[PDB]
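Enquirer: Make the full structure from the sequences, and use the hints.
Protein chains: 2
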Amino acid sequence: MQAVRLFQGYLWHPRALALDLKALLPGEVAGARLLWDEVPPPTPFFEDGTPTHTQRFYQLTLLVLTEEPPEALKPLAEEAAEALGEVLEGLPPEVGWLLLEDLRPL
Amino acid sequence: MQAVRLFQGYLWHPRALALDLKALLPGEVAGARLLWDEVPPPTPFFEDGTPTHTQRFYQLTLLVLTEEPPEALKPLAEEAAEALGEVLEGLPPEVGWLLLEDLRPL
Numbered sequence: 001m002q003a004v005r006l007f008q009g010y011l012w013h014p015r016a017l018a019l020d021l022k023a024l025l026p027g028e029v030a031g032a033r034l035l036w037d038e039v040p041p042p043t044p045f046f047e048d049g050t051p052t053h054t055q056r057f058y059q060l061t062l063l064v065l066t067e068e069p070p071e072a073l074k075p076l077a078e079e080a081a082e083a084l085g086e087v088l089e090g091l092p093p094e095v096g097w098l099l100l101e102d103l104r105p106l
Numbered sequence: 001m002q003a004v005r006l007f008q009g010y011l012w013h014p015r016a017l018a019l020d021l022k023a024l025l026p027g028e029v030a031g032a033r034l035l036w037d038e039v040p041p042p043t044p045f046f047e048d049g050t051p052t053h054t055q056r057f058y059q060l061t062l063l064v065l066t067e068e069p070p071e072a073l074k075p076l077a078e079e080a081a082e083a084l085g086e087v088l089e090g091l092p093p094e095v096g097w098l099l100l101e102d103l104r105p106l
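For the record, the sequence lines run as chains A and B.
Note that our numbering has the first sequence beginning at 1, numbered continuously upward.
Note that our numbering has the second sequence beginning at 1, numbered continuously upward.
Treat the hints with caution; some may be incorrect.
Which copy is meant is left open, so a pair is good if it fits within one copy or across any two.
Unchecked claim - With a straight-line cut-off of 16 Å between C-alpha atoms, the simulated EDC-like cross-links for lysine to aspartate or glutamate are:
#, residue 1, residue 2
1, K74, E38
2, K22, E38
3, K22, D37
4, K74, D37
5, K74, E101
None of these hints come from the bench; they were simulated from the model.
Expert: What follows is the structure, encoded as structure tokens:
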């Protein structure tokens, strides 16, 4: 019944655009609590050369409560990652994001 | 003063290798508590095409205290990232790692 904050990736949107994430984001995903915390831009510029200081960034994390070992939460993380992906696609077009599934091979 | 959890990246090593991270890693970096938690592979493959399930992954986090807004921690975030990279360079070659600054979108 232990907790483990799994990093899912980042979400962002222009600082000029007002967005109420508490009304837009679900409380949980795949039965795991979904958390979003504001942080500095995780990199200076985007792929197109535009600056990131014009956007507000949020770390997305899933609070999982379990006892089994991490090398067994793979099912949850997968269901969650898919669910999260579909949640983000439902947000206003100006919202951007980078999720684990977007990472290049390590 | 609020405790902000800043995702730093990942660290990993062969699963068959019983390393003692508590003995290998420092307790803090740039005055902030360094946390590491075992999690599922963030991606299925390494750049060379080998599967990630052969390694045990750890999510790296820095617990930063600040009485200023989380979004203004970039100066400290950058100093911590530099210090953390140096720390990781000192670990055995069997340990792999990638910090936020190298994390790119496919």
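Enquirer: Evaluate each hint against the coordinates.
Expert: Here is what the structure says about each hint:
{"no.": "1", "hint": "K74 to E38", "in the structure": "between (26 Å within a copy, 12 Å between copies)"}
{"no.": "2", "hint": "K22 to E38", "in the structure": "within (13 Å within a copy, 29 Å between copies)"}
{"no.": "3", "hint": "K22 to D37", "in the structure": "within (11 Å within a copy, 27 Å between copies)"}
{"no.": "4", "hint": "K74 to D37", "in the structure": "between (23 Å within a copy, 15 Å between copies)"}
{"no.": "5", "hint": "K74 to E101", "in the structure": "within (13 Å within a copy, 25 Å between copies)"}
Violation of the numbered hints given earlier is absent; every hint is satisfied by the structure.
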